[PDB]
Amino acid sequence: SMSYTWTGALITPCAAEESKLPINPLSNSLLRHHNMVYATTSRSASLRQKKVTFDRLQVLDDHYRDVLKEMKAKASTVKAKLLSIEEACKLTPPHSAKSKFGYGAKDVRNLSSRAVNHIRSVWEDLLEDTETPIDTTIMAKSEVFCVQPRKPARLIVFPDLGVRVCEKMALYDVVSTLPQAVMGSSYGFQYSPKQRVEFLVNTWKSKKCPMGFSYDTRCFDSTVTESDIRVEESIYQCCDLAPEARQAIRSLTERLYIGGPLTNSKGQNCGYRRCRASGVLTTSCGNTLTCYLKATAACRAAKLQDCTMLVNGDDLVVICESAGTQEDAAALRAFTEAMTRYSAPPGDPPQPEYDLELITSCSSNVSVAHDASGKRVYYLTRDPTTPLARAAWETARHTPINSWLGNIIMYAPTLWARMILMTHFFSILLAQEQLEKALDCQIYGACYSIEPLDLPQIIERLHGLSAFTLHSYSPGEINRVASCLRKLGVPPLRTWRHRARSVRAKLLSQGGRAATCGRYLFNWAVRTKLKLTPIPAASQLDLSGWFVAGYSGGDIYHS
């Protein structure tokens, strides 16, 4: 069927939309070529629509039915708990889009009688009505990027806050446990950056002659069919569920997950959806399962050898036993034809790679650096263009989410995150003393409220002391960063070193934790550097739950 149908009404914004980076003193320090940074707006929704709208082609086969059964078999071991209204409400982000029924996120978290009564009614309605499509709002997603040698905005579709709270009750436990029980080590979100690097290396070194490739599905969401969504529910249905949880999942599947009407911000009827809605709790899990299923089956159809998959929602990387240059190009092409039949056509054609560092998955790639000792240490890095553009944007304007804080946590070991991001921001934060102001950022979709003064502990727990001494990065890595700093017009190492030394000092100076920041995060700043040792408070932080499952668009907030 058509992934989308449109009435012709427009996808509208519910407020004004900024697209250009503002001329700002504090923002010019970091990035100079401001006219290169932009934000997507609804003004380009139509371009995205034309690209996501089309009629899906899908042909299942024995390999597909076989992998599905293997997956359903493992799903059978799971027992999922029904979440209480209180626990569900406790998972709702503080600034989640309010309900159109007279209450918002604040009330939901407070457990106010009004928000709770409505959630129950929405739940009762789920147990009783198994057909009526549930309404969803469509909006153009606002994302910053850097011009290219632009990008039309991504589309987001989500239901009312009431329903979202119900999803959590019926499915939170399922989407957080199942992926893991079904795909095992292949499930990406169970890994912190370091562990992913480790899995990618151990998987790589386990083959005699490794051959890997990343696989980019063209607008994965619009490629998800009604069959895929029922196949996905068929997997959930294998869990031991509470009766109401089972009705809720059956009803959420027919009334929301497979499709439904689309309403813009103005109340108008925009059209209909018959594919994955990016804004429901099951998006991340559903996609990870679907992508894993099609890839695992496709790998058998293409005669690829020793298929080790790594899946993160729609992002997919494959590492396997090479069979020869020619043979691998043929096997890989066969793989794409298989995925195309299962309705996962390629965006950019996959390319076999024989150098791990040359593989981009989750917009990242593994790379080598050296620590104080001089021993080789692997870390996860990525082209810094987008992280930096976004940092500039987050410096010039005020935003709910702080990607820089999230990028510093996920990429603390990188040359760019420490040199630029840490220096830039800690400098700005001190100059307004807000090192204690907790900020919100995201990790695998989930929203987190993190304190900037706790970054040393976090970096040591997640990446290890080496992250503070990495040096002698790879040739490829410095080229990228160089090329990047040249492009956006960012001041050279010389300038950052100088700014860091100034931040370090004013940090060691003022106090305790802040001094810890200066001593650890900026140890690369001084020549007569202090010998770094394990930070006590580190093993005190509850990093449980940080890397268990993906929640992109799932409206989740961990406290």
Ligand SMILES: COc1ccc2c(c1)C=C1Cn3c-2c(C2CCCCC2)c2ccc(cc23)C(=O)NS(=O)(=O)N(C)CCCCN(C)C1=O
Second form
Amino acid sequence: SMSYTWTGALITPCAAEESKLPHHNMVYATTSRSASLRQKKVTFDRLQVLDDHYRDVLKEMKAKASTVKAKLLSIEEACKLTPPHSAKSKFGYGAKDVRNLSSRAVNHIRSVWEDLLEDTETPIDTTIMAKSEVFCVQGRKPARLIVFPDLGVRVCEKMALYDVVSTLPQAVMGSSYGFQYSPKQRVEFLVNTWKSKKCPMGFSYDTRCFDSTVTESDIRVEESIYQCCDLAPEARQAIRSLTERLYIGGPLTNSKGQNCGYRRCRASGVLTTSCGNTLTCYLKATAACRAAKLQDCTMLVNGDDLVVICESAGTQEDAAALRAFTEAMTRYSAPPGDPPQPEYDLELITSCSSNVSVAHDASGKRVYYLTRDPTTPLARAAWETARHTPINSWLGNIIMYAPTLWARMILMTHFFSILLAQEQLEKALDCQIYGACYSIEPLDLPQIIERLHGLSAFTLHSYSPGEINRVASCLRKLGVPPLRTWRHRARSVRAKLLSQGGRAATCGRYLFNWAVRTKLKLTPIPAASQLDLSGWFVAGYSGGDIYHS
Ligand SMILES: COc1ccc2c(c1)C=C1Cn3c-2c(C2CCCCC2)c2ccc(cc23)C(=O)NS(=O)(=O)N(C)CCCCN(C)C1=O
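Can you switch from the form solved without this ligand and show the form solved in complex with this ligand instead?
Next comes the full complex, this chain leading.
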């Protein structure tokens, strides 16, 4: 079974494509012009051999799934989960019509749903497009490819599966399900799991082109888990029909409506992508841990992103065991890109593109937090400054990386400076968190941050020398002014925000307290504990077309 087959029709754009900004020669956005390069990478044969460990784990997973009772969402509910700028239907209505419950949209959606009950076999058409993502040069990344069904189908997926994909992974995987954690909760789990071992070893495992390694068997095993839920009859049939007609594979159509080929692996743009990937990664890895005889494994899975922390049995012993792990994973159809390295320092493990590092609070107590190399964040921030973007990655990065030296010194200072200069401070902006779109007001940051990271996110200091160097290195490389310039700029943004009063004075006070030396005594913000953040860190939805507001 080939992950893809191709006809020769191009992966076409549907609108003009900018590759560069209008050191800025280092930043680029991917385009359909590099799609052939990606097609080559993601196209291969999958050989899969299942063993007893795999089957044991699956049954364990299904017994936990069998506690779940999932609800069918109403049309209205599913419509309201649709992002305002979601791709329009080929049937002559758009996302705004869906959210408005326009007659044509609803009647098409109802027709798609009935067709899932009435047709159990006919492959559902999908669109394949090159994704536009910004990066900094190293070699140069080709465009990722996105594969998604029509809008009417996506609304139907929600109806059948939103509650399942939102509830089941935690039911099945418990503390291992990564998307239930805010960054502080994630860091807490990572450090506690590290501290709980007598002699800890840990590694990240990077599967090469995970979506393509996902087999038809994998996707039906996934369905077998969903089917353990108590389901409405129509939900059960829709899940079965969606599985056979969409999830396992189908025809690929370009933006010009030409047939590009055929898919027999995971679609990146379906509701079940994150959940499916998570369950599948967790299944294979847990089995592989047993095959390798890894002792007292604790794992954390976020889709295809995997970290395992375990008991060390000695250096040479662990190496041997990682190799057994990787061989088992490979048998399961998940060979690695980079071979995995055993790690005896928690900070040296990168997972969800992040590592643990340490700073100190105002009292000088150690505080663990999550950080990353800031190159991509800053590149995307630069792009977003210059060109209009719907999804503001800078706002997501400030939220998720609030405690970091770079998020605070550069990102807050820069964007608050711009918002101040355009008087667009209260203006709500979309951003993605674990794949779900969120509309957020910049002036609401300080409360959001206390509730996600604690008050210590405003008082961290005495950062790691290695973290310090990575940030300063990054700035010189990208031509960004050094931290001393950002401290001068923070002081100016701070004074202005304070003088605005209201929610601006709050931002100024809490967000830029680091910039001044005679510091202010920060104490809990009232509206922070009162903030409703339900459904924020509940599940992953990359590619699932989900909007929360
Ligand atoms: C590889 O992709 C990147 C990454 C970073 C930058 C850029 C491209 C584009 C850049 C450099 N740059 C960049 C940023 C980023 C920092 C993070 C937030 C987005 C902007 C600057 C911020 C201030 C400044 C300059 C910043 C800044 O104030 N620079 S400056 O010396 O005072 N100068 C007077 C302003 C020039 C504007 C920057 N510029 C032309 C760039 O090409």
